[PDB]
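J.: Residues per chain are reported as follows:
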Amino acid sequence: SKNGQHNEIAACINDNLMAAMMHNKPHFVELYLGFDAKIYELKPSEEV
Amino acid sequence: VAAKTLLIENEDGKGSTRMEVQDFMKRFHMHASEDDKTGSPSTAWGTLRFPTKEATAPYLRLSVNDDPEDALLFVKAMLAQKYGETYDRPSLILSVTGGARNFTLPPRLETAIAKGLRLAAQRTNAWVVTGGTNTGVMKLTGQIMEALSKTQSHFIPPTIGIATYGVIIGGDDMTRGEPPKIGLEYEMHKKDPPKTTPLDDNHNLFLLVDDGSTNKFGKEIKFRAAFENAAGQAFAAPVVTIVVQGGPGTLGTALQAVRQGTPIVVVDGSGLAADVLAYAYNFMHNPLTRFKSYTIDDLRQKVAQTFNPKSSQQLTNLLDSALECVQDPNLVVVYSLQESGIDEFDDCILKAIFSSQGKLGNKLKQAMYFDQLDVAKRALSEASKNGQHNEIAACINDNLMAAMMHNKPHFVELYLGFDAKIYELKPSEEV
Amino acid sequence: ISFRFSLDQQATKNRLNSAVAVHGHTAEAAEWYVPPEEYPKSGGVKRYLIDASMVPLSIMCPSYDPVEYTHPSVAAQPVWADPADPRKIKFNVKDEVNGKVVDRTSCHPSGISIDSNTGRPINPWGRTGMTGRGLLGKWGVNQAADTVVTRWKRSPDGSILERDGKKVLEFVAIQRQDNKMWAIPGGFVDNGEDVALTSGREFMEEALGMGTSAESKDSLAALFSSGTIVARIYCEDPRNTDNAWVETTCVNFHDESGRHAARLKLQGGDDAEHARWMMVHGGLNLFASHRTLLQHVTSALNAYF
Amino acid sequence: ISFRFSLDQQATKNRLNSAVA
Ligand SMILES: Nc1ncnc2c1ncn2[C@@H]1O[C@H](COP(=O)(O)OP(=O)(O)OC[C@H]2O[C@@H](O)[C@H](O)[C@@H]2O)[C@@H](O)[C@H]1O
Ligand SMILES: Nc1ncnc2c1ncn2[C@@H]1O[C@H](COP(=O)(O)OP(=O)(O)OC[C@H]2O[C@@H](O)[C@H](O)[C@@H]2O)[C@@H](O)[C@H]1O
Ligand SMILES: [Mg+2]
Ligand SMILES: [Mg+2]
Ligand SMILES: [Mg+2]
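As given, the protein sequences belong to chains E, X, R and F, one line each in that order. In terms of PDB author numbering, the first sequence opens at residue 435 and continues consecutively. In terms of PDB author numbering, the second sequence opens at residue 52 and continues consecutively. Numbering-wise, the third sequence is residues 1158 to 1170, 1198 to 1396, 1402 to 1494 according to PDB author numbering. Numbering-wise, the fourth sequence is residues 1158 to 1170, 1198 to 1205 according to PDB author numbering.
Treat the hints as calculated values from the structure; they're not laboratory data. Virtual Cβ for every residue (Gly too), placed ideally from N, Cα, C. Heads up, some of the hints might be wrong.
Unchecked claim - Short derived list, chain R residues pointing at chain X, Cβ under 8 Å:
1. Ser1159
2. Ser1343
3. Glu1346
4. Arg1347
5. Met1467
6. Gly1471
7. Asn1474
Given only the sequences and the hints, what does the whole structure look like? Please build it.
T.: Spelled out as structure tokens, the structure:
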């Protein structure tokens, strides 16, 4: 957060949040959601 | 349904005299062209109605040579007419300045600065003076006071916007017409040709300062600083400027603020220009170990990367202005949002208030508003050791009176312990 | 962490310059001074402009045509102004005018040369594009005395502030009435007096506003009892002409303990508007050659610059 | 504070008398 690099954090925050949901880590979901992660931009791993 | 006479406050500060609106407003000038110096009468004043806002906002287009006290009386005349003679006087003037376009920030940091500003504004009933345009930190502050306005029963604290005239798309609309304009539609989405900057719809007043130019910014900076100083002397209230992000004119605004005696609070980590000002202050004053490697060369590199001056003389003037801002250590207070705690911004604002020039009792009243018992206790102990017994006894009664009105029992125990006779308390008005 | 850093700089302490490999040329600049075109307080009178590569007297420069201008205040003949006809006056030695001693000696190794046609002196430090006396009252060298009163810049805890591994100094600076730029207090030497009295008198008059506190004054005398003359140089002063130029003697009063400096009640007087304590660094914009003077005092005291 | 003061005095170290002014 201090060192800038906002594009890469926003690009990886969604999958990190997705991984947090799959692996049952609620403290980590609060962490990832507090750092500007929009809830409605999460994406599935496979293609439907 | 339009006012014909107004109550303008006398220069003695004891009462208001009733006088005609055209007689008072004759002293304000306009420039027809850049070449003109003496000018012509302004005649562009009234109220603007904005979409989705219930109340209407007054506007006055005035010149750079106009007296800021006269503008202060003008603001007092509107408030005295609308809310009666006994309207709530401000105990704090909060000036929010910074980036108009380059203000890009993470939502959590924005939420923290917004939360601290909202709490400070709601506890002290502060008059917030920002820019008059619909962009960046001014618009954000407008949104904060928009949410603030749907509370506090009757009285709503004014959000004064002072902007340079000539950049406003509705400038032709306020020029065309007769001198009184009560209900006038403002169209922010209308495609106006030689101008592209609209007014913020959440600001409660507007001062458009004109000097004769089109699409030129920064002509209102000196008048804004002078107006804050005039308001500060008249209402006996400290003025605190807050620097979040900011461009070259924010640096000039801070330079004007430090020349006129107004303290500034620079939020470090919130932007480029703030980092430059914080870096300069930390280099010149901070005794911590991590600031010993700070150099003039790295500061010069920061000024060159931030402001982009193009030439060496411009870089020298910008660097000189940045170093001139942080010359007096009392007038600059740096809050580190990304390093320190979430709830210490009001402590930084209070530190700027106590470091400014003002009476000790008013500062204790201000400390009582922010609910900082320890700061007041330390101030009282320091005041007790340094003699000055006559001024403490002269202000202890009103401070105790303010403590009774604002429900602060810890503060009444404090003030009563420091030789305050209970039977010498005096009312504010005359029976 | 502060003690570890302090011991680390306490243990750390065929000259070749390889900067030509980076840029692709040398420095090629001695930093020659050319004054600004509009003379101050003259009502818009402008000199004859010359480039910085044509100033030295060794160089020929055949197109040199300076303008002769003398200010009305100087031309009204006060007590501190020399006569308009410079004949019979002897330079480079101490000369007595009306029984009062005047220095008249320049620090330049070549000395002052006398023009045969008019008898006016010629400046050895280069051309300035303007003849006559201008705003300066005395022909030739105007000896000025500057007073640099210094103290260590200290935090509230008592620790001395440290930048770039060196201790940071702090000096008293005054804001000039004529051009509103900050400068070191000082002034021209009066008739019949020396540099010590002149330096001290200007510091009380300008920085303190004294005249126009008994024992505290005695404390100030204690402050004034330990002074070192650090430099005697030529000023890059914008009021300088070809027949009158300012040369300064710098006197440094350093307060090691900080006791004497703390008793000063700073209040601008005489030809000064405001006075304040100001940190010494390389980006300072001061009047004339005061940055060079501050460089000499920090060089002598091994302070930051 | 004592050690900082001691190191500070351990690092700090044309005579003219201007007291006549
Ligand atoms: N008050 C303004 N409102 C809108 N746009 C502005 C303003 N001032 C300048 N601009 C234009 O918008 C751009 C963004 O400005 P910044 O560089 O972000 O900030 P700065 O130019 O310093 O403007 C600061 C201005 O804002 C006010 O808080 C304050 O009064 C100061 O004058 C600038 O290039 C400028 O051309
Ligand atoms: N030889 C002289 N030349 C010009 N003015 C003089 C002279 N002697 C006395 N004066 C008078 O002194 C007045 C200004 O007081 P000073 O303190 O002597 O002037 P100041 O400009 O503060 O001193 C000269 C400053 O310039 C620098 O080159 C030098 O370092 C010094 O600080 C002037 O208005 C003028 O009337
Ligand atoms: Mg002087
Ligand atoms: Mg003088
Ligand atoms: Mg003087």
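J.: Hints numbered earlier in the text: which of these fail when held up against the supplied structure?
T.: none
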